[PDB]
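Next up is one chain by itself, shown in structure tokens, the form solved without its partner chain.
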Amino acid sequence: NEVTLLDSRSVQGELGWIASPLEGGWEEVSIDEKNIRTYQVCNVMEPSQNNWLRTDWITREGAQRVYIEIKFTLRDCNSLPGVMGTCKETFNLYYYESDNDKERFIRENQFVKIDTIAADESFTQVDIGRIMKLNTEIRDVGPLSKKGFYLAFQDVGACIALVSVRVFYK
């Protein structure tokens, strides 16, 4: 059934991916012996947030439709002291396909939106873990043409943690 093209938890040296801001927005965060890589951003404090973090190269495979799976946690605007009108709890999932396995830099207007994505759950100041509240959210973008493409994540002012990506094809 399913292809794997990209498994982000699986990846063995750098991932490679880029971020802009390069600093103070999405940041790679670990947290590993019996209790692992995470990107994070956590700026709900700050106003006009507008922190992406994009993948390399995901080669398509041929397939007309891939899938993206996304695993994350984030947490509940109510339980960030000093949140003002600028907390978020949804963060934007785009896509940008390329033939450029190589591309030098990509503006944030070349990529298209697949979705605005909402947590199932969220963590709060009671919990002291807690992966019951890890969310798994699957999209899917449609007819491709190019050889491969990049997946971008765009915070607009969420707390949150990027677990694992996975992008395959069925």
The other form holds:
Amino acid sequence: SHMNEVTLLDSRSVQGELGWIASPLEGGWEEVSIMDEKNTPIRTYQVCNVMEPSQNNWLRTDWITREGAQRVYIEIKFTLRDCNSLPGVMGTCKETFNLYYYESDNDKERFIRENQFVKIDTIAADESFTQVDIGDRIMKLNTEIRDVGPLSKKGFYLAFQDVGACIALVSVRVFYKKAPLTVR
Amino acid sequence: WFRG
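Swap state to the form deposited with its partner chain bound from the form solved without its partner chain:
Once more the chain from above appears, this time first in line as the rest of the complex follows.
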């Protein structure tokens, strides 16, 4: 029952601009290059509009082939700032974000409706996290995985929706499972 | 906001 992983996207091993598409273009999701604890650059996406009303900030990947996989796995590493560490008494601060996908045969889609995106889940910090010493503090780099299928189009677009969190997406790894090959 |  051991399956190999076929990696479709590994954002953390992209060097230079990820070039994902943010809606709005400014004042929502921003690409931010940071150094990890080993001084290795990571392209992150961040937003923290917690002094505003509830948000609707979208970020999407370009098209990802599914290579005729029935099911795809999406692993997100992320860090967030706790709402109880931020000002305001409007009750709008969240510690979650929303994950979506849009299956398409078209590898050059633009200006897509919100209602073409299918919600995968609300993503929250849970038990799975790496502890990273950031000076005197222990940062939780949270790891969450979800899967989708049965897939039926040539590929898909992933999207991330911020509704009012202080959130940084650090890694997006997308893969499917494949039986090991026979070594002729 | 996250500086690495």
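Rigid core: the largest C-alpha set superposing within 1.5 Å between the two forms. Residue numbers count along the first chain shown, from 1.
For the residue set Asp115, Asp120, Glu61, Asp101, core-aligned C-alpha shifts between these two forms reach 2 angstroms or more at a single site, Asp120. Comparing the forms between these two forms on their rigid core, the Cα displacement of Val83 reaches 2 Å or more.
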